[PDB]
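J.: Here is what each chain is made of, one letter per residue.
Protein chains: 2
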Amino acid sequence: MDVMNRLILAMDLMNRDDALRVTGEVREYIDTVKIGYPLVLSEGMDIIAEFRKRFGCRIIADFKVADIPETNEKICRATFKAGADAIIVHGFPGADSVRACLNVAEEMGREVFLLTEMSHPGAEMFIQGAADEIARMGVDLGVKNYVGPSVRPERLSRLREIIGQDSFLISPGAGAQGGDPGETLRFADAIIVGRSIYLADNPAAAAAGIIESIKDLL
Amino acid sequence: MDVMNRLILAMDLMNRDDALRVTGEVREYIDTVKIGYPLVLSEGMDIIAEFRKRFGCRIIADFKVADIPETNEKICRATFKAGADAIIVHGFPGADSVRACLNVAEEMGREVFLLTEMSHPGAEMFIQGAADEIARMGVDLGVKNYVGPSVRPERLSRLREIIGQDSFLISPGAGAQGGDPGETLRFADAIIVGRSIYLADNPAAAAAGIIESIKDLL
Ligand SMILES: O=c1cc(O)n([C@@H]2O[C@H](COP(=O)(O)O)[C@@H](O)[C@H]2O)c(=O)[nH]1
Ligand SMILES: O=c1cc(O)n([C@@H]2O[C@H](COP(=O)(O)O)[C@@H](O)[C@H]2O)c(=O)[nH]1
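Chains as they are written, first to last, in the entry's author numbering: chain B, 9 to 226; chain A, 9 to 226.
No lab work stands behind these hints: they were computed from the structure. We treat Cβ as the ideally placed atom computed from N, Cα and C, and that holds for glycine. Keep in mind that the hints are not guaranteed to be accurate.
[Unchecked claim] If you want the ones that stay clear, here's a sample from chain A, every Cβ over 10 angstroms from chain B, calculated:
| id | residue |
| --- | --- |
| 1 | 33 |
| 2 | 93 |
| 3 | 132 |
[As the list claims (entries may be wrong)] Which bits of chain A does chain B cover? Going by a derived footprint, with three or more residues having C-beta under 8 angstroms, they are:
| id | region |
| --- | --- |
| 4 | 34-46 |
| 5 | 133-142 |
| 6 | 162-171 |
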């Protein structure tokens, strides 16, 4: 996956009008948008088609899929049928649940991202201790795309070590959660940014500024 | 909540006409329906209102919420706005993520169910080792409703022990995944059943049959 400016917009606005407006405002800077449940549950799966029609951006469905295999398969099918290019899947529920997503993605020609360690403080309770193993599991399963936390660069570094330089790694937590874009891009291929852009008075300027701060990494 | 016949239908059909037909056919036996992402992502969040309009059923939104606290809040808000009585939340992302859901539920007068251990084989990799602590964390947070696996009675028993007799416990995995309704109701207040009912030639007969088998526990 070739992410423009190593920057993925986390479009978590919950109003169709606002979401389309803000994404339109930053379209020149990004070609990849992560759409999650806040938007989808508020506006419907048709929002994915709407984004594709208006922007042509790649769409990563951030559904943190975390069900049993049978249900995971149904979720992935519905998601890819709606036009998502990729889906984010939790690794914590284990290998079979991940494989179920990999199977659908393989059949439909889409991508799975494996979420290994999360960026919020609660991640330290259970996820962090399992994260290295989750990443190794992804490697065993042939997962090529991963998600890890901007706010813990030492953990992001470990994740990168595990998956190798050829795997694709994206990382949320830059900006609002305190992660630094430049430091994060030492290890991740692209950063995910939501509030620092979409809550900005001027989202275009916010996007431009982030990109300016990392220009030597582009 | 008072679940009729201790039986919750997992309506994971992905076609609105089929979902409505089957639910309507079993409505005499079940007043609580679990609606997850397979149906919601196929038919939209409007499906929740449609079920409310057609049937006298409580709706549990099985969305396995597993994001950071800020995103969890948005998901719960969108879900309760759509008319869900309750939402199911993963505990593995930790206490802050759960607390975020509890805050919205308290604010909107709805219920949170904490998913502790899952019923699929992959659950043994990471979730199982954390499940006792997740349950205990639920108790510390004041969570009153829990989900645990029908297919591991020993684990379901431990869960019930941790949360106490006053907590409400529902359990999937009966039927298609090999769990036994009767054994499961030794520990769970209600069982969740999907395929054994919705894939039956006569779903009403399938539900009636299950209820008949546990008649003494009602
Ligand atoms: O570990 C993770 C994984 C995520 O997907 N996310 C997601 O990435 C986005 C981060 O948004 P923000 O830049 O406003 O913090 C949100 O959509 C959130 O759900 C995260 O914050 N941490
Ligand atoms: O540990 C769990 C937690 C669940 O929510 N579920 C859900 O419960 C339902 C079980 O359906 P079924 O009876 O067809 O196996 C599905 O909707 C599934 O996503 C589960 O099977 N195991």
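J.: Indicate, hint by hint, whether the structure satisfies it.
T.: Do the hints match the structure? See the list:
no., hint, verdict
1, 33, "21 angstroms, holds"
2, 93, "16 angstroms, holds"
3, 132, "7 angstroms, violated"
4, 34-46, "holds (count 3)"
5, 133-142, "holds (count 6)"
6, 162-171, "violated (count 0)"
The structure shown violates the earlier hints numbered 3 and 6.
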